[PDB]
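Student: Below are the chains, spelled out letter by letter.
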Amino acid sequence: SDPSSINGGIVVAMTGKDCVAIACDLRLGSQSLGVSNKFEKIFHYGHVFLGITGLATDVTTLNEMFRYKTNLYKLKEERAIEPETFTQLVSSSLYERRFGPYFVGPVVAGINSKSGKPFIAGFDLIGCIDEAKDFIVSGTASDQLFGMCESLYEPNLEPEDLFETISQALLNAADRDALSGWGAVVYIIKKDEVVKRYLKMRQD
Amino acid sequence: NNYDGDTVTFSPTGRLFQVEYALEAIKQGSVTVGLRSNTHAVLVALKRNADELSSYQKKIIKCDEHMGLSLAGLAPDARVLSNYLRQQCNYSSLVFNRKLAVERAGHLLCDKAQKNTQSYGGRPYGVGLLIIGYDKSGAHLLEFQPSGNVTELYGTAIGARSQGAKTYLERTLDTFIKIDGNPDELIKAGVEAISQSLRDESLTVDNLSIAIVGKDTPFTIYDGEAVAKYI
Amino acid sequence: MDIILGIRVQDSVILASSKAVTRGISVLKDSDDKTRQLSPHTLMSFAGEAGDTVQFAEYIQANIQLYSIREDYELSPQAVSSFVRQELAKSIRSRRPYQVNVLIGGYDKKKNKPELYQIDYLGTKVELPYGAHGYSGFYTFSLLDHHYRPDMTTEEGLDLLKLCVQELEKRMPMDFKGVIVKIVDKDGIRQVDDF
Amino acid sequence: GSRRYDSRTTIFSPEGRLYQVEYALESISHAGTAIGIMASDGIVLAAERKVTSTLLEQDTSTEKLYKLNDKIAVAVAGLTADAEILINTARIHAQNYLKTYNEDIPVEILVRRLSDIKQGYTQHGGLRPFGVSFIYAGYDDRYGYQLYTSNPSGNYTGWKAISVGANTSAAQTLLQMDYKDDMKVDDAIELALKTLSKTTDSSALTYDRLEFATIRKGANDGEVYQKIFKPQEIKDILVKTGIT
Amino acid sequence: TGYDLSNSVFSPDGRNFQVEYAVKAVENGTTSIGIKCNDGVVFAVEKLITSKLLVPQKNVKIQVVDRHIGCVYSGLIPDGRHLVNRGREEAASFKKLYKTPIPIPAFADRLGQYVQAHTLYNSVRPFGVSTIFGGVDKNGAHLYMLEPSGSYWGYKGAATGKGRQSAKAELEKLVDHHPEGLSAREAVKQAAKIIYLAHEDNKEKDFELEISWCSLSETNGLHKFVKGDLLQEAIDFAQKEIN
Amino acid sequence: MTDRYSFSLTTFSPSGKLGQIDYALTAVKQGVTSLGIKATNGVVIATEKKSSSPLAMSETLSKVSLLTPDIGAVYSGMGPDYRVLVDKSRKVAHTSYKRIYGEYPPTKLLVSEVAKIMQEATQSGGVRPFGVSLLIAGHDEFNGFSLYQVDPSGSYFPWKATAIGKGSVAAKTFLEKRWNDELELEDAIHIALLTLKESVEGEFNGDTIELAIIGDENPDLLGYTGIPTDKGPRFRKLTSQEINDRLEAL
Amino acid sequence: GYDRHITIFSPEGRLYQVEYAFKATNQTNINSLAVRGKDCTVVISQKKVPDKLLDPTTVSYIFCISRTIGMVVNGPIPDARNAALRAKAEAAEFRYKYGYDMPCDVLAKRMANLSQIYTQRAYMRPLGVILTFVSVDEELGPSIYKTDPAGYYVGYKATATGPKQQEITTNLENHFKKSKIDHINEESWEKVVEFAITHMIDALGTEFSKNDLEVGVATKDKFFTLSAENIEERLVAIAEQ
Amino acid sequence: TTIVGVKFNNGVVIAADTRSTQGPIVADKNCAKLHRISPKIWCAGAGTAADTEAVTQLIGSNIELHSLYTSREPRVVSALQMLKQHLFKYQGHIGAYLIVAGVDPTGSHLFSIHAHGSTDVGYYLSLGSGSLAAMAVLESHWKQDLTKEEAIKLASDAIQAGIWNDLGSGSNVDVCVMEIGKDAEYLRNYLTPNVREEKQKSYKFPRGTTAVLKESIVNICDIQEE
Amino acid sequence: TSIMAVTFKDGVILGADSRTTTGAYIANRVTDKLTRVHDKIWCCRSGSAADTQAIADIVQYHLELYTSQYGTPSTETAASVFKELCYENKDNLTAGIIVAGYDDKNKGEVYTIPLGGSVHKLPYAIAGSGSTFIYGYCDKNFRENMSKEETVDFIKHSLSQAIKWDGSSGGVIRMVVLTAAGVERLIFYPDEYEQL
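Residue numbers (our numbering), protein chains in the order written: chain A, 1 to 204; chain B, 1 to 231; chain C, 1 to 195; chain D, 1 to 244; chain E, 1 to 243; chain F, 1 to 250; chain G, 1 to 241; chain H, 1 to 226; chain I, 1 to 196.
With the rest of the complex left out, here is chain A:
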């Protein structure tokens, strides 16, 4: 119907104390038929994490687009790109095709290595920088997510406190939604290591 609802997917992200956490679900459907139980909608360029949701194809194309752009940068400046900088790039590619645009909703989460600051941002279809220091939600149960987190989330958390919040909040919302579920993946991103953890959760 709407291009945005043709495969669902949700992405949430939160900042915490000396760590951030980004999380999606695994489900990739075509309308009411669920197609596959795999499919990651988080990707990672350096120590930045970029999760993209919505209209099936453009998630993919727009991914090998950021692969292509991140690469050319690390060959020029001989470093790894910093999240503050990366946020500007996602706006700037998006806005390029204003008309006929991509139906996506990408969400950036990483840590600035030079200052130690956690840092998240959001976008839209057209694509504007969405500042926050709390948390950003995105997708087709973006309304439903939005209340849930706000409720739970305590300003500042410990890296394994944080891991409890984003979990219950990400689970419960996917079971009140028709195009999501089917397991979920929650990443906890610290100044040294990345953990990828799968979530035991109700199919249906």
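Check each hint, because a few of them may be wrong.
[Said to hold, decoys possible] Heads up, simulated DSSO-like pairs for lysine-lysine below, C-alpha to C-alpha not over 30 Å straight-line:
id, chain 1, residue 1, chain 2, residue 2
1, B, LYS99, B, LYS58
2, E, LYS138, I, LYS140
3, G, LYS52, E, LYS162
4, E, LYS162, E, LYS240
Simulated from the structure, these hints should not be mistaken for laboratory data.
Chains B, C, D, E, F, G, H and I: place on chain A using the hints.
Tutor: Relative to chain A, chains B, C, D, E, F, G, H and I alone:
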């Protein structure tokens, strides 16, 4: 010389070499004459063979039904000029329903010729024309040089040893301009004019070409038998 | 709508496509394949829009074989899957959309692994243990999930397929007139004659 | 028009040869010396950069080593200028390929692209040819470590060691005495530097006149690593071989 | 040197050699003049009769631009017809946009930049013609003579062609006997006298006189060819004065 | 027309030289002497501005241009060439970087654009190479300060300090001795004037000399107090008044 | 050879052609002075009409570019008309894109950049003319910029141009060392016309009447040029002092 | 959305709220909608949030380019005239609704510009979805010859007018003061009302409560030396 | 939006309102609708405020260029400028512009450019949305030739009838006087005229 190699370069004399080399090239070709009264205009042209077994080349091009030309010089570059003249005659009639005045055509061939000597990477069109044609405002004969100057005459000739025909025509000037509505005698004057310029090659039936356009006479080429009456 | 099934058995791919070619009100022809062998070790099957389906099949078949004679060596089925996705991406923004859904099954000789991919028409590649396009998906995704064991041998897999046609035939509303089957396994590309 | 200003930079001479192209070979042989050695267990690239005073910057130097994508590097002999443009284009090409086939460009194809670009300045367009020859060091899946050199004409070929720049004569003779197939990365590193010690006209090969880089498929399991030494790891490996 | 083989390259003197060569090819052309009146302008040119085979009054060399500007030229006659073509474009386009006949100091700049253009590039050949052109607008008379340099100036009269030195002499006489101007009907007659006398030096072949005028009073600001009686009288008035 | 200035003017000569490129470096050797020194906490670049004539005042003329908030530039060579380069240099910096990354370019990338202009002017026929050497001095967050020197062929090198221009060879051995790697911002500035006084013979005042630093961030020149995340510009041309003080410290 | 007929480096270091454009400048033998006042700028140029036929109202070397910007050009008149047209276009263009009259400085810098492309390109020759632009800008006051066939320029306190410009040059030098001000102090713009014409007669030594001069004056928000009546009436005022 | 702009005797003050809405759901509680063309020309925006912020960026570079090139402060008019042209070239798809204000050498200025390329001046203008609410308060209290300290009081109350009666106005209230002949001052979070009341209890959970399937450590660090 | 402009003996006086509606809600209450395109040739814009304001500058540009090459342009000329941009882009621009100017040669002249785009010289024009209600009062009471004083009244009373019957017109009336003597702005606040 030293300025010849480019058409671009105007020489410290004050004449363009290339345009004089074009102008030279016509004097080497086959001889041709045109003359006109007030009712008719004739062209008489000498055709030449490439050897014995070769047939005789055609110098007289039907451009339309009240105009034509003859060529003398580069025959390839004549087919380009004459295809322009086609288009432009039809163009006028299509859009504005109007036969192209003979006078008007003159500037339009000049202008296109001029255009190709100023630009780089051009060369002159190395060919001269006599344009004859009978329109609304009477008979005209314009002579197109490769220089681009269009001149309106009672008679002329261009090609080889044409001074001989001029000389003859300036004696007869007063005879034939008074001859009017007599196509057979008008044509006779032209054939006699080309005899003076001839160095050998007696006029046979497949050397001579005669064209006449006139008051009510659409542009008709004579060869074969039709010129056996006028030898 | 034409039927087109996939299933990835323990060391082979079995693709199966419908025989019926139905333009307008009448079935023109009933023995026509809808598959083009890309490479000695890749098969691509295709169905969707009338007339588009054919042009977009040779367009890939040429460009792929061109890379194989330039390098004297075929691209891994893993890569060939991506190349298709690319052109089906570019075609949805273009003045004319193509509208073709494709299954690429190929036997990866380096990994010694058989792989299957489902590329829908918008432009999404997705690796799958088994899949389908069209209305076929609705009826066979439930039959396969009951019985598919990863361990099955090439011969269990055939016998699973013969359940899957006979299913479609009870519930479908349009004839399709039995499939052709093909195997792609490490030893080359052969065709079973028995449905 | 422009007849008097004609430079005809693409015409055959009566010899059957191409003049501006021979002249470009010349150019490349003045430049500072680079050498390559393929081992069975890596590829070494060691280059000497030139016209260097203590006052010139030393630590942050790049003029001779450039990374392409994680498995492929080049060393460059000739005009720095010319070479940049053919790097920019190459980088973009590498990536293009990755966005279309999701796997890295083979070393073969990458060099076949660059050589055509070079050819095509000498077909038409009266442009002057490039003042470049590369060494390419690469690691794909279907051949292992592969070394390639390329010429300003187009021509490119395979090697087990090669050099370019100044004293290719002097360098290539020594190299035929001394290659052996057991070669390790410690053996190959040594036989590299020393060839440059003998053929440098400088007073001595020293750690401030070198740029140095390896590519091992070893070093952290099978996963291909690349190391571009800092000027404190060249000083330590100039002392391991006792040049000083 | 080598600057004579080239087009539009400065030599060490500052000179452009090509442009000075263009003047050589003007001196070959026929004499022509323009006389500025108190209220109009007159042009005349000397048309050498080559042979008894030309037709009287058809090879006219005075080409009119729009409906109120006369142009006459000497030097290579084709070049001239191109310079004039071009002026028609410039005329018609100015009138489409601003809808008033083009002013004559306007018209002067447009032609001027176009001359001038052919000394920027050395791929095109400079124009071997000098043109006298002008006419009348709501500001009045203006007269202009154009050179292969890209220069024009305002004049009281002007002259170019073969006998131009003869002309320039006689011209100044006409300015010093009339410090208050010459009026329209008279100036045609004087025109003739200056052409018949300037043809003393070119007296190899017969000629024909050809005159034109555009005046605020006589013709309603349009241009026309002088014809009929007043053409006849002015032919007879020149021919008795040189005798 | 048939414009055919397509073919490159520069060629290689039998001898493995690039004939024009060699000539251009002569046109850099005749221009006016200038220098750059890099320190611990800043850079200084300096030249002389010499009046064409007396009635002229070269105040309006600037031989020191800000490129971006952190990267200043000073040249030796041809007057016009330096100016046109700088305007294209700016324009490209905001199109292929600043738009598409937020921040201004890092130092060593902007030079790579500058060089890619200069390459073209010898490859694509019909144009003679530029006749200037640039110093580009600058400072970004990651790499610290730096200094780079850009030849008209397209070659660029980083430096610790350098000079170029008329008395370049002279000034250069005078830099070698005086330089060390522990230099106050201040003490760099005192060397600059001394070194510019050896190889210059014109008048010495604040109005013919130019000094400029890349230094610390100024919140004076921020333009807009009241947001701390903005720190404000590092380039800062030194006022006339300050120089006359530093001339007691020659 | 090749170098002495187009724009590429010599083995010298010196573009020959470019340098020849400067010899080219001084072929009309016209001498120009431009001085600044407190509120104005004056520039005066000899007007020498060679013949009786040429009309004296159309001989000029001062062109009016916009409201506030006059320019005197020195050299061959084809090139001058090419500079004038081109100047005008730019004038127009600026005012439309940013919505305020192009200040003088910007215009000067624009024809200098525009000069520059002409020497680097191979098929364009550079135009043999020196351009002097005058105005009372809106924020900077009286201003002079003088631009040169290379594309060089710099500002000025006063200027001279022509063949015999060395006389005027050095006259002006004595004047500003003595007074120790930048610009002629006098407040009126009558007054500084008077200084200007007087200083010219004295620097070249030759007397001038009402037909040998041509004045431009620029004040704040209007440029005008003076008629033969106002040059003559100002020569009267000069003799009485 | 509410952005007012009030002139006063020596300058201009531009003020806004921070709530950014997308539909009925409140996207982000804080967001400075004040942007900076140039150090003395601010603009804030209303309408589509992408389309200002992109077009404020693009006319920034060119004015920042242009200001170096003519070597003088940039002038308000210029930014305005540039905007006016760029918006008019697309027939008003770019849903921009900008207040551009600023000081410069030639005085105080304050403009408004609607998507199609219409442009107005005024002494007090307002845009956004509250604007009618704000506009009211202005048309009563505003008078001639204001000072600085008064005019900021007028601005805040007009935003507060927003906050209370418009749904898309909430939260913090930014300001930015520009006065002729000084640096401009940014006063972010000048008025903070409706602080969030505390929660009734904590919601921290127990470690180990959410069941997990399995874990991995997936190292993003570039290939290590050994 | 009510714009008119009226000729007299000594020149021509242009007169406008200053309200700018967009539907119910009034956008601006003090809009200058009288715009300079030369220095003695003024215009009135009506219709879609965007489409005229864009034209208003582009006309200002062509003219400024024509000054600097040819000298001043007659009012006639300037009117033609508006023509050739409106005739070619007639699809998507909807402009009613009145061009009035005072040459010293032929005194005040008015041309109106209706929406089709064509020139028409008139001895007085009325245009805009609100003006339809005042066609009749203007026609009856227009005397040919007037003194400066009378005109100022003929335009005051005209526009005030317009304001009164139209929802889209109000504010203050601005008038611009073009004579030989220069350009004088005159302004009448609502209390001076709604009582008359």
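Student: None of the hints should be skipped; say for each whether it holds.
Tutor: Hint check:
no.: 1; hint: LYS99/B with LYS58/B; in the structure: 26 Å, holds
no.: 2; hint: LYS138/E with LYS140/I; in the structure: 37 Å, violated
no.: 3; hint: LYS52/G with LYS162/E; in the structure: 21 Å, holds
no.: 4; hint: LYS162/E with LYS240/E; in the structure: 23 Å, holds
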